[PDB]
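Protein chains: 2
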Amino acid sequence: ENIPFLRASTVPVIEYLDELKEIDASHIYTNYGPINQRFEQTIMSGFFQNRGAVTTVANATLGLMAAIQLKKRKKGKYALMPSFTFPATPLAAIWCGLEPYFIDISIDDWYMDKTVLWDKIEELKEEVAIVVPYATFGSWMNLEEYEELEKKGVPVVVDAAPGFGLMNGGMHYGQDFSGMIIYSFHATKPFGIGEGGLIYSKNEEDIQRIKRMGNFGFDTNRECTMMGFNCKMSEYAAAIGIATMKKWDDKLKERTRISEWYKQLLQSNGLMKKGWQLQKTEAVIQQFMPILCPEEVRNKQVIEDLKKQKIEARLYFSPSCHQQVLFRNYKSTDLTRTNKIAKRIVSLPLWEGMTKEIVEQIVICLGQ
Amino acid sequence: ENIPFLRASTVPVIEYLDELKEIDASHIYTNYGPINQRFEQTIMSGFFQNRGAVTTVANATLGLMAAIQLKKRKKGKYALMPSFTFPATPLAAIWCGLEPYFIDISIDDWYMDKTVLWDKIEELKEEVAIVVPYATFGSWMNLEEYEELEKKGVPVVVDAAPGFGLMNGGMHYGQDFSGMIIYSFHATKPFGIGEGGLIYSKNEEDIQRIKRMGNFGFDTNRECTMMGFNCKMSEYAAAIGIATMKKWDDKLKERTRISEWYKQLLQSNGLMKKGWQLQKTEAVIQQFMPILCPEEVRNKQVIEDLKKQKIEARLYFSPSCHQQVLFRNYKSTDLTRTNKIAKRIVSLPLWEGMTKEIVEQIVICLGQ
Ligand SMILES: [Ca+2]
Ligand SMILES: [Ca+2]
Ligand SMILES: [Ca+2]
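Chain order of the listed sequences is A and B. FYI, the numbering for the first sequence is 2 to 369, going by the UniProt record's numbering. FYI, the numbering for the second sequence is 2 to 369, going by the UniProt record's numbering.
Just so you know, not all the hints are guaranteed correct.
You can't tell identical chains apart in this list, so a pair holds if it fits in one copy or across any two.
As the list claims (entries may be wrong) - Calculated pairs, DSS-like style, for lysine-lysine (alpha carbon to alpha carbon, straight line, at most 27 angstroms):
| id | residue 1 | residue 2 |
| --- | --- | --- |
| 1 | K22 | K254 |
| 2 | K281 | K212 |
| 3 | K152 | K274 |
| 4 | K344 | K212 |
| 5 | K153 | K254 |
| 6 | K264 | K212 |
| 7 | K264 | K203 |
| 8 | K78 | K332 |
| 9 | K344 | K126 |
Just so you know, these hints were derived from the structure itself, not from any lab.
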């Protein structure tokens, strides 16, 4: 009767029932149990070419916390990151005792602007604790400059929360990265299991450390010898994870289809000619359809107009982090571009089961 | 063949499959979904006489973190707690930016000694940020004096991680407490579902706030207005929790029976006469069987002796927190009793399915 923003569809119980019965037989239910290891092994084989290492975590927000806590420089104070990201990103930083320092984004790709970033690193020197870029909207943010940062001794944790399963040229996003990449398996993201996350790194020793950190910093004596907490993923989450890997081809194909319908219908209804624009990026996997509305149109009015037509759009990210109550006083560079994107950005609905006619009803409402 | 220390048995899949069908039909998988709400309502009615409020969390460690972060006095530096606790407790404080300050325990009930705690509150004054007692080994640590601290403006968050389901005179442990109580649903704890936890308070508004904190500090506009992170429990975890509520009488009966057998066999084999002693408490629900070995016996000799008889005991908590690498340099009162109890404490196996003949094996081995 209406078009909601979110309609999650995780794999149904029949797809992971075998695994539930293995769990019941084994009487191991969490703490890096066999199903969790099998899930990690499957991911390393199917996505990461058996190079590097992964660990599951209970959610991507805990993964950011763990990665930042492990990798931050001891004497640093700031986590250099975009304001144009989900609040989880600066929150993970603050829980690690760091202050966010917001960096402006490019107007076209919506990633942190590397020119500004480099300049800020040069200026802050030892005050830089860590650099936390966001691979905006599950897209192909090239990591070449970030890999260079790691090699110069500036640690990098990439927030790719919504980008798991993003492939380009047959390579999975993040492959062989020196730093850490965090992905989310939240039910609302494309690889959605309910609650869950993953960390990848080419650095196997670092992944081994995060595994400890996720288990109270325990050594092999179950003695706490390093910072830690609990971010263990249960066997039950790993079970849905594994079943999701096996239906993933279908899901990726669904999203890709709906994405192409959006691009076609937008173009065919001449919305691009009216000044709507898509993100500039090589490759993306879409949680929703992000688009800039025309310069002369206020994005909150789009939301309101669509809401009259029974369609729920949203405004990721407006307010951006620097404009939100909690983060409004943290330092930043000039953020003119962020501010502009935050006035224009719209988030259009996209979920499994969406038909071409639904996309068309949305695209036509945009235009009228 | 070998008697292992832990042998978790969560309710089997058939017991929550209906709920899994509900989840699949609803397409709501997390973020305080209807099954999670049902679970919490079932707890409020079933355990807390519909007075106060609860929230699920992804695990008790994160619940501790949320609770301390909300309730800590903003000018304070220290979290006053026992050393004789699981490392999750001081780790939770350290993540909130506090230093643990360790307080000695009573030699008999093994709780934080209130006399020593009071003197220390009086000495530290504004430097006290929070008090975090542990209801050692799932027992009935009376909360009258802690309620008193709350009334005086000293915040208390009680770590009762292993004590969910603990009843005494028909009242659930923590009922009507003004502060917060954290409980765990880890698979190894008596009310075990995999990964999970719960927070109870008589203070409903505080619980509402914790809810927001565990969803990124979001208000109804999904804007971040307070410190927060992700500690949301999935619908799937709630599904198992609900099923665990229906079988809880069975689980509790099984554990009480095994405890009773332990007590009878220990007395009948003369072990009490030989200097072995149990916790002085009115009521306990048991994850394992804690016992002090005789003064002249080293508890770790008891471990190595049971070990070569195919029985895995452990030593919770030896080393105590103050003795573990990460926490050695935090301040404390004199800890003479904690040290003594950490030289004598032994953790004997107890799990669902343990037979009377298995307890007898064990108790007989203690007797030599
Ligand atoms: Ca199968
Ligand atoms: Ca049923
Ligand atoms: Ca039924």
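Against the structure, the hints:
| no. | hint | verdict |
| --- | --- | --- |
| 1 | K22 <-> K254 | between (30 angstroms within a copy, 25 angstroms between copies) |
| 2 | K281 <-> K212 | neither (36 angstroms within a copy, 37 angstroms between copies) |
| 3 | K152 <-> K274 | neither (43 angstroms within a copy, 66 angstroms between copies) |
| 4 | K344 <-> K212 | neither (41 angstroms within a copy, 30 angstroms between copies) |
| 5 | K153 <-> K254 | neither (39 angstroms within a copy, 61 angstroms between copies) |
| 6 | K264 <-> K212 | neither (41 angstroms within a copy, 39 angstroms between copies) |
| 7 | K264 <-> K203 | neither (35 angstroms within a copy, 53 angstroms between copies) |
| 8 | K78 <-> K332 | both (11 angstroms within a copy, 25 angstroms between copies) |
| 9 | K344 <-> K126 | neither (33 angstroms within a copy, 49 angstroms between copies) |
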